[PDB]
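Given chain B, work out where chains J and L with the ligands should sit, using these hints.
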Amino acid sequence: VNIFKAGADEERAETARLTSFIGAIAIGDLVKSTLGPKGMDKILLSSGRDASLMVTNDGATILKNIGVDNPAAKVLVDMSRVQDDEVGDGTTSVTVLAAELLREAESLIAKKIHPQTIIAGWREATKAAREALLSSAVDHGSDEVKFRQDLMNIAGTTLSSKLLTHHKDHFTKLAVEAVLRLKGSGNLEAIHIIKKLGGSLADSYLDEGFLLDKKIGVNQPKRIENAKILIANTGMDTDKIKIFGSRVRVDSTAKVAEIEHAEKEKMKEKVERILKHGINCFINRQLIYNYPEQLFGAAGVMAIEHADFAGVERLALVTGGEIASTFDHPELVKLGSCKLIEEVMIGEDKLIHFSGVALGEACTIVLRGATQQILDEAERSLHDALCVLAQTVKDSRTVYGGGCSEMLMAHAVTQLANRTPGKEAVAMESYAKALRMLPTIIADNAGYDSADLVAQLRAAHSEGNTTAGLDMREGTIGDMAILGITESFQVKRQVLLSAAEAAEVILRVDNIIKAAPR
Amino acid sequence: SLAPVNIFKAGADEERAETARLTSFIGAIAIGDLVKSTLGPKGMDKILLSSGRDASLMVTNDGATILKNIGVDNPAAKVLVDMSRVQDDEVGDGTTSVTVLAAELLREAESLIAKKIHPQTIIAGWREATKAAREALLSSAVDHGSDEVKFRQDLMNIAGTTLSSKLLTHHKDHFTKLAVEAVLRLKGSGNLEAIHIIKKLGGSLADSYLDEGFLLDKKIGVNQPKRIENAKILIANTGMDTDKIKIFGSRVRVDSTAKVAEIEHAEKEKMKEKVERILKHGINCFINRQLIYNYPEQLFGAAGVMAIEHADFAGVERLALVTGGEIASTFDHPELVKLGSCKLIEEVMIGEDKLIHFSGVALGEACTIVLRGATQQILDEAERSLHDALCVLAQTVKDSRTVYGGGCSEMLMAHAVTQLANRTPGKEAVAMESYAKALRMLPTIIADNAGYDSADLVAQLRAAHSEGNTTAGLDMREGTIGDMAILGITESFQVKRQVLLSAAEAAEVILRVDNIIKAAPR
Amino acid sequence: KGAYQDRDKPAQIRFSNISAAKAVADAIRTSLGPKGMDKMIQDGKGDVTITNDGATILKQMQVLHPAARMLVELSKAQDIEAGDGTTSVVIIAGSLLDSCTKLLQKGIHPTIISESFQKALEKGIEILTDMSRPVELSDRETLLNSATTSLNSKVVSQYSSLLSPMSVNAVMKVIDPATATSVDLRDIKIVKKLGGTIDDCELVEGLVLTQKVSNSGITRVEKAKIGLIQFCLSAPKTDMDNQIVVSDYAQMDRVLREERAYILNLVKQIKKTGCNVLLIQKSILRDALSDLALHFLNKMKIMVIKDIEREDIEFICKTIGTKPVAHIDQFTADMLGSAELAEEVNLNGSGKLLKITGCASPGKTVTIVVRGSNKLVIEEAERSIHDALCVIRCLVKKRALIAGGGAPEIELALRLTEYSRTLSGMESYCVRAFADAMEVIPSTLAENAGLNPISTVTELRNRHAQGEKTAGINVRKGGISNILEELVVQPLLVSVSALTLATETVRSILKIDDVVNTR
Ligand SMILES: Nc1ncnc2c1ncn2[C@@H]1O[C@H](COP(=O)(O)OP(=O)(O)O)[C@@H](O)[C@H]1O
Ligand SMILES: Nc1ncnc2c1ncn2[C@@H]1O[C@H](COP(=O)(O)OP(=O)(O)O)[C@@H](O)[C@H]1O
Ligand SMILES: Nc1ncnc2c1ncn2[C@@H]1O[C@H](COP(=O)(O)OP(=O)(O)O)[C@@H](O)[C@H]1O
Ligand SMILES: [Mg+2]
Ligand SMILES: [Mg+2]
Ligand SMILES: [Mg+2]
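These protein sequence lines map, in sequence, to chains B, J and L.
The first sequence finishes on residue 526 if you use PDB author numbering, and the numbering steps up by one all the way, no holes.
The second sequence finishes on residue 526 if you use PDB author numbering, and the numbering steps up by one all the way, no holes.
The third sequence finishes on residue 539 if you use PDB author numbering, and the numbering steps up by one all the way, no holes.
Honestly, the hints are just simulated from the structure, not real lab data.
Keep in mind that a hint or two might mislead.
Stated by the list, open to error - Here are the simulated DSS-like pairs of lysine-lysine, each with C-alpha atoms no more than 25 Å apart in a straight line:
id, chain 1, residue 1, chain 2, residue 2
1, L, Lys21, B, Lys431
2, B, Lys50, J, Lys119
3, L, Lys143, J, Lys176
4, B, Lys119, L, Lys29
5, J, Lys191, J, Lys181
6, J, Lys119, J, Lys431
Said to hold, decoys possible - Simulated DEER-style distance windows between Cβ atoms:
id, chain 1, residue 1, chain 2, residue 2, range
7, L, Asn262, J, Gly194, 49 to 59 Å
8, B, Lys402, J, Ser115, 42 to 52 Å
9, L, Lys126, B, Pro79, 29 to 39 Å
Each residue gets a CB set at the ideal place from its N, CA and C atoms; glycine is no exception.
The following block holds chain B by itself, in its conformation from the complex:
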């Protein structure tokens, strides 16, 4: 007898894990074609309204854009998005590793092994692998030149799997420089990425100051030397007295004429109070109406209308001023400083160029490609590189990439498995196989002999050479210490832990109950 609903169903057997495994493997196979320096990106086309088209390489936006149906696919997409939020890298890596973990899981359950046995084996294996990765982590930060070289290597390895690889030598350092302007503040919003079409992608440059996409007023000057910027968050509009319930109730036209004259005079006195600070520039958050603009033009200052919260925050960071709202006491927290406020033209548009800024705490990156999709992909991948660089500035521990860290931690898992009895050992062996399946995939997407390369790496790591990985520009087994394929320790640790946790949570379901759709 059926009891649920019309449209509600239950899969309480091998069918449930069949659906979960096939969905996770579909996610893994879709994401798999975008790993390594030789990975190839994808086109996302919307069948709905506006037919949005986006060319992308990373797995986070690929998985979040598509509409997944299988709940396991939803689990993988959520894990990828969470991992992108946490660090900003390895979303494709974590999704692929989870997919291979589930594949080895179904292979094991074919051999009639209880899922909790696999769970215990995986817990022990991930503990050992995390311990080995932590033991193999190299650290810097005390050094200055060595840490800068490490940052350059991290940017290179993060940016080599994307389109900017075509000009990687130009871009990596640029990204590093941007992070070097943050001065340790974990504020990625201090970085502005302005994307304008036209010209090769090698024309992109990190500005030596700031760029604002706003407009000068009518009568204000359009160039200043030795700027004294005051940044404000005042009204400058009609500017109601804010006492709700106030109205003019008079008996003549002279009275209302006098009241409007008083309103204009109070606005004039507010502008005079602003000018008393000793300024030649003024940046406001919301609109500036016609009378304050006229007064500013007459006085001889420069005013900016409608610079949003992000704009004023970035100007405050790059110039050093405070966000003013009340100008009663000009002697309190002071202004900012620059050296030129020239208007500079890019493409066909004009932007305000703050040069000679007092502080480098914020900056702008100009992205200029030949196609809007190229601009979007460059922006997303540059965001990933900046995220990783900021994360490794916060925590300078690094581990070698190219599969070397994966190979060594898989070797540790294998060594632990060899000394553990029972059916746990095969679970840990499957864990190690799934973990080693990543460099296999990188070589496959590259197009080399994956089996030979992986066997060579296994032999080299078992011997003791703990810095061996895939040299992809030639396709052999090289030394990541000499070559310089580094990676953030935080990124790899988060990838491992998140993938293992998602595999564990998915594997222990034996019943899927779907309610009737709305």
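Just chains J and L with the ligands now, with coordinates in the frame of chain B:
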């Protein structure tokens, strides 16, 4: 072909990529998983229920009828089903094993292709591996036949091991010898049609027996005697109902009714003359192939001779085999026709029916087996299992070479494939290793059906065969590793060779398709 | 710590099969014993039946589940082998499948359950065989008691005084109780005609025909000389194509004269043998009777009967003693049956029958004619009489007799539970489940009779534990008492076959682990 022009038809499609091999592999693996749960002595049989006319229902364990009855749509599944049917036709059993082994081979092939290895490499590696397995199985194929008692014990063991995976295992010790006896009555003639299996409801399955004579499900005449001692049976294939002159265009054209009366009297006279010519043979039991009308029935009754009417071609051939008679159509020379002889042709009641019982037959060349179960499905399954046992026994009588069962023979040829793979370079070695793994999967499935530690038992057998013990296999009664010579789990060598070769060749032909093109349906 | 058995599909299939079998069992569970009432089946077409036979109930009720089909086939197989107990067998099968679903819930492999069930079967056969007593034929009392016990649970129970003695007379008048070892029920011809009441059923040692006499001038013949005819009494015609050409005016008169002379010659040849009534076989392709032939036969003061089926000629010959005649020259008095009387009987305006009584060579054949108000009661009376005949057949087959009224299965349940208490292991639970799974028959005997089932079964177990065997449920007394004193017995073959077939069917069902829907 995904090109922005479509050329095939409104209904025809093409899969010219990994999609085609994906569909073929998933279909083949689905068929293999369907058959997988019916292996070993611990396998459990399945229900086949119709969705239409008469709603036919059958309980069966062998995979041949399972694959024949269900309607497959994937072309790879069609290849597997035809494989199973051909293998059933060739020997009689191993359909489940051949389907399972081909499915496991294709699963290993998909796992290999996942590692980006060209399919022709897998095909060449499997050709070499199956050559090595053929050589190993032939080398290990022990032979008997010079001895008498050893060959009969081998026959009993083969019948027991072939019948152990079906329902009849519940009375194995009673049935196997039965099957053996049946084949031993054929005197080496590979004519399974000499075995007639009469199925009647009622009574436990242990009440089945092989008769000491022949049973015929026909009727005696009206005035004929119902019991004859020391008969001289004459078997005929005459009409003797109306006897048309067989000259078309002949008619009576007379001017009076008395002429017609005389002509019809002459017709009855020629009927009487033919019956008298038949009786001149000196007989007391007459067996016909088609009907005997009332006048010849009356003539036979007056004479005092039995007359069996409307026995089909199979009936007259089986009576000729079991009694020694000669199929006759003319009776001009009674001295040239040889008449069969029996001892008693009385009537015996079984279930609720009466049958003619030829007892004390002159020759045992043919025989009948009475199956009496509790349910029509039980009767059908018993008949199918007995047919498989008889087919295997006849095959091993034709070719006495035997190999040890229980997983020993397949383990040893898998070990030979492994030894071959360990000395070959290149990507063919991994293909040979996959072949060995797929071949070793069969005892794994047997243990899985039984409910034992498949990995531990398979590792034990791998070690035993690698060390040098080539007569080790699975002991099901306790689930351990035992010596098949002592247990006597024999099997026909031809059956195993056929399974191996057919599975290998069909896997090879399926593995090398990269385009499935479906024309629009009717 | 063991195989994971990931696939739960086989367990679900087994539970579904067990549930369907239990549903079929307890659907007809209310039709057991002398207080269980019969069902009414109205099939898709405009046909209705009122039946208490378990086999017919299960056949007419077109079931869908494969296990239900297995159970209906089991019931028909038990009907074939025994003929009575076709309800108790399906009840037992469903009940012990219901018992074994709990075992499946306890983590016991189906093969172990099946083997333990077979062992319990082997023990129960011995228990039942030892419990019985030998029986000797030609003892009217035991035969009558067995027939009455068979008929009690049927609609004709109130007529058991008139149906049991005739039911045993029918069997005793076919076989020789010296060396029979079986009985052929084909020669017990049952003829049904509408009208009258059940109390007018009759047994005749002669022959009963549903045909009508061609000539309505003679209907009663005394000292009749019956003779079968297999040739046609019409104008002669050869097997090959026949044509008569006429080229003169005298040819027409001549051909008519020859036809008349030939017919009259045939009729005179028939008459000169002393034949008193004629039985003409039904001959398609040639009118066995012509107007001229019937005219001549009626002129010679004879009785003529036509349209006799080819399948009844053996029955007629075995009954009255005639021999088939397919040629006129072979028609003589040496092969001509004789009877004391031939009559055309009218059943008070509800049809007509032919009765041949007083055959000078009484063969091993009798006939039963049944009377009833509507068709349904007539069909049910036929089924009940057939069940009584099958009971006598089983008693003839093997000579052994056991008590009824729940005594055999309850005593077997005891002896088997103390047998299980000696087989400690994994199979002890399965054997105990088999032992306690056949308490269903006494429980339902108590329930359908209006007694309290729990207390009745408890008292039954206690009284058979005290050695007071042959104790069971009495519905006349309304309690529990000795059964042989109540004159309720049944042949051992019934119960033994029921148990064996039920156990075999369950052992076969328990081996299923998948279902596939063929095209
Ligand atoms: N130039 C390179 N040489 C060798 N290995 C690399 C290189 N670039 C990336 N990898 C490896 O490829 C894996 C995935 O890289 P990538 O595609 O950049 O991940 P994501 O798409 O999350 O940025 C990383 O674990 C890294 O070790
Ligand atoms: N009692 C047994 N012990 C061990 N192995 C057995 C036993 N009976 C059968 N087998 C093995 O099971 C295999 C499959 O046989 P079966 O299940 O009858 O299907 P098929 O005969 O179609 O392959 C055979 O190869 C045989 O060696
Ligand atoms: N007079 C009676 N008193 C007690 N029990 C009876 C009596 N008559 C029959 N029974 C019981 O009823 C059971 C079922 O008999 P019945 O219903 O006639 O056949 P079936 O089981 O085929 O329906 C028998 O096992 C018998 O023991
Ligand atoms: Mg990266
Ligand atoms: Mg077999
Ligand atoms: Mg009864």
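Original post:
Against which earlier hints does the structure fall short, listed by number upward?
Top reply: Of the numbered hints, all hold.
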